Amino acid sequence: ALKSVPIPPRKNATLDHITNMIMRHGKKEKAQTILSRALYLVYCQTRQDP
Amino acid sequence: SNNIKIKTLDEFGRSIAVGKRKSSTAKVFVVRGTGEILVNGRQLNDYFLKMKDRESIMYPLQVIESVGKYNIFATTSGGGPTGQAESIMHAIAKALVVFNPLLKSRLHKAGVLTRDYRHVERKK
Amino acid sequence: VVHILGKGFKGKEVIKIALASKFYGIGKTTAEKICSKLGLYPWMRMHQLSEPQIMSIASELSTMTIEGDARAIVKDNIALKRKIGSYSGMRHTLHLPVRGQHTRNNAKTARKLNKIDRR
Amino acid sequence: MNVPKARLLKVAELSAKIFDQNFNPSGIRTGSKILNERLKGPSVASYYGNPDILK
Amino acid sequence: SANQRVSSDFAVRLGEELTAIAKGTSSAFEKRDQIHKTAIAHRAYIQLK
Amino acid sequence: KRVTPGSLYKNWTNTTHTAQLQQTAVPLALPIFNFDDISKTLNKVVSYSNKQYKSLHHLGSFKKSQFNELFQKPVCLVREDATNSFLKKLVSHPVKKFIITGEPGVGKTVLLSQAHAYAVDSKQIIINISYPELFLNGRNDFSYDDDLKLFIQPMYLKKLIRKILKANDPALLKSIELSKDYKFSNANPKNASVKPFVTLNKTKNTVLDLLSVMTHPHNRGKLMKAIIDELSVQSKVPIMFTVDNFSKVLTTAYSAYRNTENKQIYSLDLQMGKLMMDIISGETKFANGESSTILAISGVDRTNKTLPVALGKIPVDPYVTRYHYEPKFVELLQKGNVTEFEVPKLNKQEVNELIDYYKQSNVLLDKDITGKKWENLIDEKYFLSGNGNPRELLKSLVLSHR
RNA sequence: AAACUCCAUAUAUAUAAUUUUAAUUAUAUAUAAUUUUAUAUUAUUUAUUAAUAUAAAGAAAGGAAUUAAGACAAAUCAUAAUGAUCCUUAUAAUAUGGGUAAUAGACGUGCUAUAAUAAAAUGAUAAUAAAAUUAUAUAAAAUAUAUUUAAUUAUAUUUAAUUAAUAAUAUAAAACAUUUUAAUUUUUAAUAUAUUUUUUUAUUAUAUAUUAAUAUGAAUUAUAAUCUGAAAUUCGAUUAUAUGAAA
Ligand SMILES: Nc1ncnc2c1ncn2[C@@H]1O[C@H](COP(=O)(O)OP(=O)(O)OP(=O)(O)O)[C@@H](O)[C@H]1O
Ligand SMILES: [K+]
Ligand SMILES: [K+]
Ligand SMILES: [K+]
Ligand SMILES: [K+]
Ligand SMILES: [K+]
Ligand SMILES: [K+]
Ligand SMILES: [Mg+2]
Ligand SMILES: [Mg+2]
Ligand SMILES: [Mg+2]
Ligand SMILES: [Mg+2]
Ligand SMILES: [Mg+2]
Ligand SMILES: [Mg+2]
Ligand SMILES: [Mg+2]
Ligand SMILES: [Mg+2]
Ligand SMILES: [Mg+2]
Ligand SMILES: [Mg+2]
Numbered sequence: 100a101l102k103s104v105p106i107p108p109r110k111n112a113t114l115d116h117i118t119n120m121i122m123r124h125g126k127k128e129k130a131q132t133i134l135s136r137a138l139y140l141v142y143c144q145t146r147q148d149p
Numbered sequence: 140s141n142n143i144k145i146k147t148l149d150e151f152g153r154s155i156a157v158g159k160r161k162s163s164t165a166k167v168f169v170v171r172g173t174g175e176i177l178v179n180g181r182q183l184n185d186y187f188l189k190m191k192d193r194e195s196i197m198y199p200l201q202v203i204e205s206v207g208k209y210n211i212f213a214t215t216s217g218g219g220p221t222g223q224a225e226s227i228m229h230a231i232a233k234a235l236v237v238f239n240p241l242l243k244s245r246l247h248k249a250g251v252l253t254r255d256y257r258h259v260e261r262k263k
Numbered sequence: 002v003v004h005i006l007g008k009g010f011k012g013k014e015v016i017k018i019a020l021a022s023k024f025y026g027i028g029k030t031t032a033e034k035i036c037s038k039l040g041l042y043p044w045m046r047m048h049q050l051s052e053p054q055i056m057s058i059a060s061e062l063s064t065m066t067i068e069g070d071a072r073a074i075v076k077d078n079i080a081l082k083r084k085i086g087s088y089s090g091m092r093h094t095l096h097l098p099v100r101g102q103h104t105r106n107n108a109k110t111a112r113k114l115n116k117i118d119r120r
Numbered sequence: 001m002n003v004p005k006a007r008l009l010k011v012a013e014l015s016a017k018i019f020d021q022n023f024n025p026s027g028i029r030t031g032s033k034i035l036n037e038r039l040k041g042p043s044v045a046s047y048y049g050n051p052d053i054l055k
Numbered sequence: 199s200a201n202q203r204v205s206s207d208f209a210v211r212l213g214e215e216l217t218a219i220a221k222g223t224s225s226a227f228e229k230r231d232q233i234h235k236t237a238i239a240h241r242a243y244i245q246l247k
Numbered sequence: 049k050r051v052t053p054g055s056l057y058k059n060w061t062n063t064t065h066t067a068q069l070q071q072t073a074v075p076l077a078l079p080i081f082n083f084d085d086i087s088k089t090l091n092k093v094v095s096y097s098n099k100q101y102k103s104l105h106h107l108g109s110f111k112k113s114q115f116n117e118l119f120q121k122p123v124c125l126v127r128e129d130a131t132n133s134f135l136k137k138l139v140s141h142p143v144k145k146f147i148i149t150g151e152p153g154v155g156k157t158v159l160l161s162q163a164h165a166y167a168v169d170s171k172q173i174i175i176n177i178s179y180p181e182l183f184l185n186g187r188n189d190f191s192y193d194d195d196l197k198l199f200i201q202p203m204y205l206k207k208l209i210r211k212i213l214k215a216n217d218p219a220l221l222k223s224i225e226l227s228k229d230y231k232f233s234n235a236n237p238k239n240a241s242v243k244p245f246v247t248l249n250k251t252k253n254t255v256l257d258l259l260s261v262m263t264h265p266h267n268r269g270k271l272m273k274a275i276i277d278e279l280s281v282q283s284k285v286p287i288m289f290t291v292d293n294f295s296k297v298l299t300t301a302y303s304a305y306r307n308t309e310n311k312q313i314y315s316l317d318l319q320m321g322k323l324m325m326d327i328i329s330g331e332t333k334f335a336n337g338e339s340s341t342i343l344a345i346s347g348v349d350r351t352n353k354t355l356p357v358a359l360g361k362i363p364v365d366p367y368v369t370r371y372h373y374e375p376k377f378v379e380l381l382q383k384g385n386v387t388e389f390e391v392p393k394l395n396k397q398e399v400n401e402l403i404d405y406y407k408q409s410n411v412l413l414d415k416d417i418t419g420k421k422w423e424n425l426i427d428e429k430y431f432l433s434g435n436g437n438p439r440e441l442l443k444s445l446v447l448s449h450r
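Residue numbers (PDB author numbering), protein chains in the order written: chain A, 100 to 149; chain B, 140 to 263; chain C, 2 to 120; chain D, 1 to 55; chain E, 199 to 247; chain F, 49 to 450.
No lab work stands behind these hints: they were computed from the structure. Ideal Cβ placement from N, Cα and C applies to all residues, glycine included. You may find that some hints are simply not true.
[Stated by the list, open to error] Derived DSSO-like pairs (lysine-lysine); straight-line CA-CA distance at most 27 Å:
(1) A/127 - F/322
(2) B/262 - A/127
(3) A/110 - F/197
(4) B/191 - F/112
(5) B/189 - F/421
(6) F/58 - C/11
(7) F/49 - C/11
(8) B/161 - A/110
(9) C/13 - F/207
(10) C/34 - F/197
(11) F/207 - A/127
(12) F/121 - E/221
(13) F/415 - B/208
(14) A/110 - B/166
(15) F/49 - B/189
(16) F/270 - C/38
(17) F/443 - A/126
(18) A/102 - F/121
(19) F/270 - A/129
(20) F/197 - B/243
(21) B/243 - F/121
(22) A/102 - B/248
(23) C/34 - F/322
[Said to hold, decoys possible] Quick list of simulated restraints, FRET-style, between CB atoms:
(24) F/262 - C/54: 38 to 46 Å
(25) F/421 - B/241: 19 to 27 Å
(26) C/6 - F/262: 31 to 39 Å
(27) C/4 - F/376: 41 to 49 Å
(28) F/53 - C/2: 27 to 35 Å
(29) F/68 - A/116: 30 to 38 Å
(30) D/4 - F/277: 36 to 44 Å
(31) E/236 - C/8: 34 to 42 Å
(32) F/84 - B/247: 56 to 64 Å
(33) C/104 - D/20: 51 to 59 Å
(34) D/14 - B/262: 54 to 62 Å
(35) A/112 - F/372: 45 to 53 Å
Work the whole structure out from these sequences, hints included.
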């Protein structure tokens, strides 16, 4: 069954790149929070996939 | 002759593997179950606050699409949250091979059976 | 604008913080005691104060050593050092550091503030 | 914390007596520390070696 | 563009900016057009080997 | 000005709470919450009734940081092990004094909102203290009352009294005729200069009139004592007294207020603290036998040995400093026979129901719907949420863009 | 010279009566890679070949040390040592105090800061480390004072355990959650209002100045107390109250 399933992607390349550009001083958690909160606000105004 | 003996489940059906990342170490007990996880006796959301650390632990189970087929009792010590979460990730991948040795190639290809060697280097 | 003893305060300013900011000799601990004594709740603001309460603050402020009186005490302690001819007194007269700081470099603030008639 | 201080002081005094300890309830500086410090003279005075070497 | 908005929280300013861009309005499309105009002018300067 | 009428100027937590972002949500038709017909709604996501929404908004049952803006109106999953279990004990137990516990984000506030919804349906008068920190943080006025020997807080009491009036059915309040005559100072800006006082005669005026008395700030403490006394003497209508974030009270023995000697004021020296603990301890007894007292802790507050000892979970350690153990609160809680109800974590079937509702609400990302098998999603989200934590489940679905 | 090697990493054996517990460990020995294999493609000096991709196997991904020659007659006679030359009641030796800490300008290297992708509080069945140190010691808990219920911080009193995989220095910190935050009328308050209630809306009041220094910043300075020492004046460290510069 697994032979025909692609290995799931570890991470999203674009989101990881955007997060690291926001990040400073190694504070990745803060950077991920800012992006997720910003994308959460985009969904709540557009109601589409941010 | 060789020094390798086939790994097998113990008397309680548990696969025990050890993993290391940075200064952290993790000893996990994997048994067939329904997806229950305990880290040092604590809930996963309690011990690991970062969702990215939780996702790293789940990745090996996501590769073999067996996230709801095993109960994990992970014990970890040393380093910080990232080292411990990825040390558990490495140990779960090594413990899952006993349940089905045919999936080792998929685990190796995903990169979860490789021990990360990077550690803090004294400046030279 | 609320005026207490000449000082002007913006309405939004918190009383305990404003008092320790505009009045010489009153710090954070002293300001909190004044507010506690007058029945002002911890985070009350200036615009809330009534005229009877503004007079009560001025009364309590007038029974303390603040403003000129407090500044005079510092000016008189510095003058005494010069009068007795102590090493520290000379430093104040020469506009040099008085607490052992090196002078080969830096010492800029002591050059602007150290004086017998210290502000 | 609810144990009366008088009761806890009686225990401290008796305990100190049994264990030959100095009981100073007031807290006055007594110099007992000076009387208990170790003598470092012998170690300090041997820094440069034993002087009674064959010459 | 986000840092010109009024919110004290960067997440709010970033969210608002991303919402406006997803709805078509953005002042950075002018920057892109000006970078592409310059490149079209210097098309002959390309080497192609 | 830099701020325009519609500009989002607040921080993220307040913007999501206040920016009315649910307006764009898609209207869904869900069953209504009714405990009398729980059999038809058990283990299903339900909305509240129109009468329940109005009361719960005035009580403060819905709070910020609950992802309520994702849906047109706040919704709740009727659970068997949390909602049905707790509500059955509330209807059967004779004491009816409970404290809701559980790990942070497990759903303690939602359970309390479901108890408020039940009370509204069952014709009860709800007195809710949503955020006790408001009367302990020292950010509103306080005054000492000589006749009560307590520190009254007029600003806070005015807000509380209006909430009790706007959140409860006027008919229920009108049914409770007054038992004593009351006189207060008149602060109504219409006849205050004509009528020095407003009199409330017994058997003629009701508790509804008492909740509409406009008095001076210095006499507002005596109005709160009358309202509680009138509601504690009547036996017609059950009174449900609730306090969310009660852990704040247990861990803040001394408020931020300071007396005239710059000494912090003990929380039980405030009328709000004394009133709250009199109802919990049993000093203030309610005549009606269906009256209840439901308390809920919050994970945003610090923990110490006070609550565990009061609940009998650990032995009493006398040498614990007062900052980590308040023996007076333990005595009051144990005098009231308060019982603990721990909110369990969600099971995998309950996670399936919540994620199936989220799919219909269009709140799930495209990475969890396209190219992923439904069974895999449920297993992954049950693992990433700590095996049931509702708050970690929502964050994994709507607040994890990695 | 490279290397061989040692280290790290992976694994095996041995050792521990698994309470010196970290067996998820410790440290002796040995093994392992300078990875290997096939497959298609592209070039070639086309062959018993390279560059790529592809599948397969594997834990496998990083470091070290030392020198061969020569130059700057580069630094050091102040780490110590040698020749020459000079001093020998002094250029040698000891004690007291002072200086090496002076202050116009200039230069190098650092620390702190100039606020909201960032600072400040709080988080006790105590989120989560590593490597070191303790017989010329490391100092627990407790109590007392600053000081207030307590906590926190500082010191005193007292001196438990450990000379150590045992006890102590020492509950790592950031993180994360909540609260707060001048500039900012983006606030607060009084009424009324709401199906946003830790909140919305309405009407009033909430300052003036202002390219600017605040609830940022912590230099400077007054006073009191403490710590080490025989001794803190030139010239040490810490705390409290007050001061609050430049930026
Ligand atoms: N039964 C439920 N149905 C739907 N959502 C729920 C339910 N229980 C909890 N949630 C959601 O889980 C999150 C946390 O809920 P809630 O705020 O009630 O938890 P809590 O334990 O009281 O939180 P805290 O520890 O912060 O006080 C919210 O997003 C809430 O909407
Ligand atoms: K001042
Ligand atoms: K000097
Ligand atoms: K310099
Ligand atoms: K000297
Ligand atoms: K700052
Ligand atoms: K000195
Ligand atoms: Mg809650
Ligand atoms: Mg062990
Ligand atoms: Mg020098
Ligand atoms: Mg600072
Ligand atoms: Mg710990
Ligand atoms: Mg101690
Ligand atoms: Mg901690
Ligand atoms: Mg911190
Ligand atoms: Mg400051
Ligand atoms: Mg300036």
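- Query: At the C-beta level, are residue 53 of chain F and residue 2 of chain C separated by a distance inside 27 to 35 Å?
  - Reply: holds, 28 Å
- Message: Does residue 322 of chain F sit within 27 Å of residue 34 of chain C, going by the straight-line distance between their CA atoms?
- Response: holds, 26 Å
- Item | Distance restraint hint 45 to 53 Å, applied to the beta-carbon atoms of residue 112 of chain A and residue 372 of chain F | holds, 48 Å
- 27 Å Cα cutoff - pair residue 443 of chain F, residue 126 of chain A: holds, 20 Å
- Task: Take a quick look at whether residue 207 of chain F and residue 127 of chain A sit within 27 Å of each other, Cα to Cα.
- Result: Violated, at roughly 42 Å.
- Query: Given the hinted pair residue 243 of chain B and residue 121 of chain F, is their alpha-carbon gap at most 27 Å?
  - Reply: violated, 48 Å
- Message: Against the 27 Å threshold, does the CA-CA distance of residue 34 of chain C and residue 197 of chain F hold or violate the hint?
- Response: holds, 23 Å
- Take the C-alpha atoms of residue 102 of chain A and residue 248 of chain B, compute the straight-line distance between them, and say whether it is at most 27 Å. holds, 12 Å
- Item | Hint consistency between residue 110 of chain A and residue 166 of chain B [alpha-carbon to alpha-carbon, up to 27 Å] | Measuring from Cα to Cα gives roughly 25 Å; hence the hint holds.
- Do the alpha carbons of residue 161 of chain B and residue 110 of chain A lie within 27 Å of each other, as the hint requires? holds, 21 Å
- Task: Given the hint of 30 to 38 Å, check if residue 68 of chain F and residue 116 of chain A actually sit that far apart at their C-beta atoms.
- Result: For residue 116 of chain A against residue 68 of chain F, whose Cβ atoms are near 33 Å apart, the range 30 to 38 Å holds.
- Item | Pairwise beta carbon distance, residue 4 of chain D to residue 277 of chain F, judged against the given window 36 to 44 Å | holds, 39 Å
Hints 1, 3, 11, 15, 18, 19, 20, 21, 24 and 31 from the earlier list are contradicted by this structure; the remaining hints agree with it.
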